[PDB]
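J.: Please work from the sequences and hints to get the whole structure.
Each chain, written out:
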Amino acid sequence: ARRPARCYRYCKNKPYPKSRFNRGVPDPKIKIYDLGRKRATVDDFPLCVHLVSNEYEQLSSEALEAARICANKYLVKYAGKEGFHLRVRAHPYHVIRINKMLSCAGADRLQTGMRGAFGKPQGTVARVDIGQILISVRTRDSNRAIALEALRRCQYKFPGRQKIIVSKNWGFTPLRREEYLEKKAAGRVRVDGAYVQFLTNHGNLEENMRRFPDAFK
Amino acid sequence: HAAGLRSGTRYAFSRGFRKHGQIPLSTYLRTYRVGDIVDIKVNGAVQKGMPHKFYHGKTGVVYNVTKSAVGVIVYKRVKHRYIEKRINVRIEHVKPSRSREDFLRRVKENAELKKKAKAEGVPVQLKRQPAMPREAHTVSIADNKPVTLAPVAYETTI
Amino acid sequence: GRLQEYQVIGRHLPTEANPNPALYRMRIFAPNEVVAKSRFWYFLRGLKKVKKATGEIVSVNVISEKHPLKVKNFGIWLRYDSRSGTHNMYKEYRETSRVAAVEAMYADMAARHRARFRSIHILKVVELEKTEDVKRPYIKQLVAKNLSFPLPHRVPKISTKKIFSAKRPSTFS
RNA sequence: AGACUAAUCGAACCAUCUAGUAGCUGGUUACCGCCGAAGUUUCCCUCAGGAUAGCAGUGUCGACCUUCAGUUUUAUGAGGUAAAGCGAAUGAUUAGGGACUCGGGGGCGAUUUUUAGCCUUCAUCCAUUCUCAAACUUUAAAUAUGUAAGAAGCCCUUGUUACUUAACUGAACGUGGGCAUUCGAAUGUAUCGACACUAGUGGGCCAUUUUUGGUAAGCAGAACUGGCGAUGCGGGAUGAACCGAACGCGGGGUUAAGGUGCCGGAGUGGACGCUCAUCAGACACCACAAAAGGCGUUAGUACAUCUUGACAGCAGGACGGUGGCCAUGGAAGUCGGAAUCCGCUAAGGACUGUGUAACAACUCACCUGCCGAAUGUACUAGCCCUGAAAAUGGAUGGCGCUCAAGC
RNA sequence: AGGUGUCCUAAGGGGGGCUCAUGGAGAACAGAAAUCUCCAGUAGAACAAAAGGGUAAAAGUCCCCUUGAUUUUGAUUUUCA
RNA sequence: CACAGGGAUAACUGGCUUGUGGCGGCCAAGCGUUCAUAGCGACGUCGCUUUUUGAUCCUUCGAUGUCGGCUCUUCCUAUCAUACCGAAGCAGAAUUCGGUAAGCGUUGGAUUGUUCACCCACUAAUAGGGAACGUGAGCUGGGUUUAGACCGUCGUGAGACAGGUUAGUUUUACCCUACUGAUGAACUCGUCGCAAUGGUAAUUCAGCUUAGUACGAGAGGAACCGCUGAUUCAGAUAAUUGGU
Ligand SMILES: [Mg+2]
Numbered sequence: 002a003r004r005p006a007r008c009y010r011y012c013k014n015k016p017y018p019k020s021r022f023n024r025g026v027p028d029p030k031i032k033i034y035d036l037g038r039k040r041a042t043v044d045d046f047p048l049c050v051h052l053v054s055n056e057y058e059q060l061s062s063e064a065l066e067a068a069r070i071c072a073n074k075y076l077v078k079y080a081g082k083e084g085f086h087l088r089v090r091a092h093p094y095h096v097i098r099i100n101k102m103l104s105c106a107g108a109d110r111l112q113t114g115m116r117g118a119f120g121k122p123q124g125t126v127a128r129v130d131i132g133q134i135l136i137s138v139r140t141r142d143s144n145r146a147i148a149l150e151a152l153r154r155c156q157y158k159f160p161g162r163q164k165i166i167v168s169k170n171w172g173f174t175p176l177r178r179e180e181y182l183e184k185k186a187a188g189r190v191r192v193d194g195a196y197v198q199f200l201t202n203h204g205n206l207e208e209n210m211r212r213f214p215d216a217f218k
Numbered sequence: 003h004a005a006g007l008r009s010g011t012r013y014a015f016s017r018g019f020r021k022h023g024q025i026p027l028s029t030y031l032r033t034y035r036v037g038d039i040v041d042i043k044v045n046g047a048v049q050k051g052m053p054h055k056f057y058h059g060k061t062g063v064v065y066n067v068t069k070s071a072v073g074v075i076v077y078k079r080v081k082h083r084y085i086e087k088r089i090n091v092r093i094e095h096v097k098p099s100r101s102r103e104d105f106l107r108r109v110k111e112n113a114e115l116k117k118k119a120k121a122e123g124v125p126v127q128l129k130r131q132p133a134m135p136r137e138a139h140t141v142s143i144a145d146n147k148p149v150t151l152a153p154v155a156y157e158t159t160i
Numbered sequence: 002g003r004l005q006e007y008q009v010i011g012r013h014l015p016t017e018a019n020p021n022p023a024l025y026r027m028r029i030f031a032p033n034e035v036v037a038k039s040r041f042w043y044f045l046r047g048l049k050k051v052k053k054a055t056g057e058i059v060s061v062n063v064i065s066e067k068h069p070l071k072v073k074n075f076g077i078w079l080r081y082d083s084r085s086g087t088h089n090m091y092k093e094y095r096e097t098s099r100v101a102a103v104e105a106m107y108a109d110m111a112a113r114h115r116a117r118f119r120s121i122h123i124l125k126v127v128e129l130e131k132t133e134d135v136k137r138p139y140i141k142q143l144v145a146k147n148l149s150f151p152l153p154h155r156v157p158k159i160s161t162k163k164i165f166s167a168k169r170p171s172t173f174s
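First to last, the sequence lines map onto chains LI, LT and LS.
Counting from 1 along the first sequence, just add 1 to a position and that's the residue number in PDB author numbering.
Counting from 1 along the second sequence, just add 2 to a position and that's the residue number in PDB author numbering.
Counting from 1 along the third sequence, just add 1 to a position and that's the residue number in PDB author numbering.
Treat the hints loosely; a few may be bogus.
Claimed, not checked - Here are some of the chain LT residues that sit facing chain LS, going by a computed Cβ distance under 10 Å:
#: 1; residue: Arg8
#: 2; residue: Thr11
#: 3; residue: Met134
#: 4; residue: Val141
#: 5; residue: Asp145
#: 6; residue: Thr150
#: 7; residue: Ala155
Since the hints were derived computationally from the structure, they do not count as laboratory data.
Think of the CB as a built atom: it goes at the ideal place given N, C-alpha and C, for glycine as much as any other residue.
T.: In structure tokens, the structure reads:
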């Protein structure tokens with residue numbers, strides 16, 4: 002018997018995370034955050050698409066998890082279980098309260114009304130801002146249409162307004178396509194499991210030349 | 003709701019970061035005389051002879067000197083009137099103030115400018131004055147030619 | 002409003018570590034030479050780290066049209082704000098002076114997109130040199146060979162205080 | 001039966017004490033002139049009340065002292081909020097990679113396994129990675145805040161002491177002298193200092209910004225400031241709090257907020273456009289409407305195609321290995337699983353639907369015949385439309401308005 | 001979110017020597033944990049109690065001596081008239 | 001039981017809010033033999049109404065008569081039946097989903113003070129609501145809610161119980177307005193007429209024939225036209241029958 006999501010939409014209180022002060026909060030509904038080939042190298046999936054927010058509101062953990070399922074279903078069917086990597090980039094840490102009335106409006110003992118109305122935990126919710134990213138997907142270059150439809154269908158489970166933007170970077174890295182391409186050719190790039198590391202020319206020679214042998218020729 | 007002698011002094015009376023332990027000994031070598039302008043700044047590591055949290059940041063006039071403490075006069079603002087408070091503070095919490103130092107420096111030059119000018123025979127123009135508006139001048143464009151600007155189009159960065 | 006084109010010249014105040022700073026020139030449409038300077042500072046604050054309290058104004062002059070009795074086609078590149086984002090635009094006009102094009106553009110944008118004067122940036126204005134580089138159809142129709150057209154059903158003008166006419170008017174003028 | 005005791009009984013009637021007391025309701029009598037508030041601090045068997053401080057009036061006195069200031073400039077101190085941070089401490093938290101086996105578990109090589117064997121699943125270290133903190137922080141604003149800007153000042157010599165120093169060495173208070181020619185930033189001074197006696201008030205409410213409890217409220221509780229109360233006037237049709245502006249009796253001139261088709265004083269004023277609604281729309285606080293859709297119309301972004309002849313339209317074809325491999329009552333392209341090749345070309349898919357128990361038959365993709373020029377697709381936001389259901393007859397103020405008297 | 005109507009002849013005062021929690025590597029029974037040794041170790045331990053501040057040749061810790069927890073009245077600070 | 005006061009303070013209407021209550025949408029994993037949308041809809045999300053119940057205490061305490069039933073008028077549509085239509089996993093018949101539509105109807109009884117409910121029976125159908133939770137100078141007084149009295153539990157006792165039971169006074173209209181009707185001064189007295197405006201009215205079913213037909217393997221089984229009657233409502237009349 003959860004309250005309608007219209008009732009918790011505007012950020013009206015200071016952040017209220019779980020700590021040694023409020024104890025006994027229910028576990029957030031969503032737990033998984035990565036799906037697909039979450040161990041693919043950076044050179045396999047060079048296309049990245051994001052779903053960006055456009056208002057300053059609250060998104061509930063229940064809503065986030067439901068949206069996650071929708072995108073996963075569509076991508077698996079039309080692109081294959083081994084052709085994408087999806088990541089959710091919004092974690093719910095804000096606790097919203099509730100004041101029970103009728104159940105707390107009993108004849109025996111206690112007080113009925115608005116006397117002493119500090120509430121009890123009732124669930125968790127995520128705070129988003131303008132321009133914040135919610136869901137990211139990386140895949141090949143021939144899955145443009147597939148990725149776009151998945152997010153467009155995903156958004157119907159969130160309240161508010163969101164946009165879909167095709168990024169200009171390479172994968173999940175903060176580098177533009179041309180710059181990353183030419184820098185890797187220069188050789189100041191070392192592959193890691195599902196990500197990369199870069200050269201910094203401030204360590205000591207012996208360790209740097211082992212890690213990046215191709216930078217010196 | 004309580005009101006103790008050190009209520010709400012969590013960050014004021016604390017020492018800084020990477021400033022702990024020994025007190026620099028140059029503090030104990032200064033000297034004070036009545037009429038000096040000092041300002042109060044409490045040190046958390048010394049619990050004897052320390053002032054209430056209100057005077058942390060105020061400035062006053064010494065009026066008494068003792069074995070290891072000085073008496074300072076400061077003006078408190080109660081509703082609709084001022085009162086003069088007389089507090090005893092240990093010298094570990096005080097410091098000489100540079101509030102009047104500019105005035106003393108300026109008065110010395112004023113005296114000597116006036117003396118020198120009287121011997122020579124030209125008026126003084128000694129008292130200061132605020133910043134007046136600028137004056138006319140010329141700017142050449144030789145070897146510096148202007149560059150044309152324009153607003154930039156919109157594009158997404160992420 | 003009633004606009005005019007100004008060239009505005011500004012500079013950073015010279016200092017001991019940097020005498021003779023650089024000079025920046027811009028072309029600004031504005032009703033008078035007070036809002037001209039304000040627009041200059043507003044556009045400069047978004048490109049380079051210069052205030053007005055730490056800068057100075059070198060010159061301000063008026064640019065007049067070179068041939069205000071010749072008809073010519075214009076193209077304008079601009080950016081503006083909607084209620085839910087920002088966008089780029091390109092429109093074309095046909096008249097005799099650059100200043101009027103900015104006059105016409107402002108009215109057209111305010112009418113068709115509800116875009117006030119607050120939120121519009123003028124990237125570039127250029128008069129189309131040849132005739133074959135015209136793109137929009139609502140002007141291609143106006144440069145056809147041997148143009149001519151009648152004017153049917155044009156009401157005659159009657160004094161707004163001559164009430165009670167005595168015969169039926171006619172619209173065949 | 002708490003019944004009856006002269007129309008009176010859960011304690012008769014008559015006179016006196018007695019004009020019994022009330023922090024509680026009700027009333028409180030002619031005119032003009034000048035000044036003009038509070039619902040707040042502390043205490044009370046205090047919470048519908050008092051004392052205390054504050055706000056206010058009157059009477060003056062000291063000079064006309066020339067001092068002052070809800071302000072700015074210049075010089076110099078204090079702070080831990082907004083923001084920011086976690087490849088920085090504390091706390092929360094998602095994911096791979098490298099190093100390791102004797103840390104735990106499940107296997108394999110003779111489960112031999114006390115084989116530092118081959119696997120691996122946790123756990124542990126190392127370099128990285130996605131998100132957070134009112135009671136976390138290395139950093140760190142804006143607005144506000146303390147002090148100073150001299151004649152009661154600055155410099156020179158030397159008298160007093162029962163204090164202090166080894167000591168006329170110091171510290172305070174002094175005598176004498178020198179430094180103004182200009183007393184040492186701006187602006188104002190339509191209001192300087194001190195004292196005496198006392199009235200009312202001690203239920204408050206509203207608004208921009210900051211903000212706490214609550215689903216929310218014409219709800220409850222706070223900070224700086226401005227208002228109503230205690231206040232009329234012009235505008236919002238009407239309305240204590242909104243906009244303009246504060247008031248002796250009159251004459252002339254000009255405006256503010258707001259308006260100029262009529263009611264209604266003043267434009268059926270001028271320029272460029274958008275909208276046709278069988279529920280149009282019509283001015284801040286304000287008297288309401290959303291998610292989602294439209295080949296209604298207008299403006300824009302991007303990409304693809306094309307006289308080697310496109311999109312649309314009409315007409316022709318739409319073959320073989322081969323009923324490919326499995327699957328099973330039977331499945332020959334079309335229940336399902338997994339594969340996804342070539343020949344001939346102008347062209348044809350180990351297939352897009354209809355269809356059979358299975359075939360057959362029909363059709364689509366693709367190419368071709370006719371024509372004579374520019375199209376096709378996906379997105380963005382303006383007005384309009386659908387979404388849009390309540391009770392006496394009815395309200396953009398009314399009549400009415402359509403290249404508007406609408407935006 | 002929590003706390004008080006107590007406790008202490010030392011848990012007050014003075015002086016003096018030492019450095020902690022924990023990790024690494026070793027030593028008969030001894031092992032995960034008993035006692036001993038070396039190295040590293042910015043406080044991650046301790047300071048009667050709730051939370052915050054403060055402390056390293058100490059304000060902790062061990063050792064030696066004591067009763068400034070004494071007599072006479074005044075001035076000043078926070079809550080505040 | 002009493003007094004001085006309070007709408008600074010509760011129990012009922014009215015006002016703001018809509019959590020809970022009721023009603024309606026948007027996306028589409030799936031159900032539906034195959035097939036998301038004939039008929040439905042999880043995980044999520046957007047709204048509407050003031051016939052439920054809450055929260056607040058703005059208006060009334062020198063008083064606005066506080067449950068239910070009886071009689072009567074009118075209004076709303078979120079449509080039970082009646083008119084005409086669009087869809088189906090609509091052969092016929094019986095049905096289910098939707099549109100224009102509030103003109104016309106929506107019952108008789110056993111038990112309970114009941115509002116609420118549950119059974120019997122007829123019918124085309126036995127839809128949901130408002131008007132100061134319509135309606136007490138319109139009625140009644142079964143219940144709650146003064147004083148008498150009995151029981152059970154609690155209290156030492158006086159007494160308490162949103163626990164059960166029995167008996168308990170229901171006042172005034174002639175004023176103003178509103179409504180139903182009836183007169184009426186001014187331009188001489190009369191007869192015969194026109195019609196601005198206001199009101200408005202009809203409703204449903206059954207039998208025969210079409211027909212044992214269309215449809216269907218069978219079992220079953222319609223409709224328009226035509227004819228004759230009947231239920232509810234409205235306006236008159238008294239020769240016959242009955243009442244007085
Ligand atoms: Mg038959």
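J.: Against this structure, judge whether each hint is valid.
T.: Cross-check of the supplied hints:
Interface restraint check for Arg8 (chain LT): the shortest CB-CB distance to chain LS comes to about 43 Å, outside 10 Å, so the restraint is violated. Of the supplied interface hints, the one on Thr11 (chain LT) is violated, with its beta-carbon coming no nearer than about 39 Å to a beta-carbon of chain LS, more than 10 Å. The interface hint given for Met134 (chain LT) is violated, since its Cβ lies 15 Å from the closest Cβ of chain LS, which is over the 10 Å cut-off. The closest approach between the C-beta of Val141 (chain LT) and any C-beta of chain LS is roughly 6 Å, which is under the 10 Å cut-off, so the hint is satisfied.
With a least beta-carbon distance of about 9 Å to chain LS, the hint placing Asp145 (chain LT) at the interface is held under the 10 Å criterion. A hinted interface residue such as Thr150 (chain LT) counts as satisfied when its beta carbon comes closer than 10 Å to some beta carbon of chain LS; here the least separation is about 5 Å, so the hint holds. The closest approach between the C-beta of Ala155 (chain LT) and any C-beta of chain LS is roughly 6 Å, which is under the 10 Å cut-off, so the hint is satisfied.
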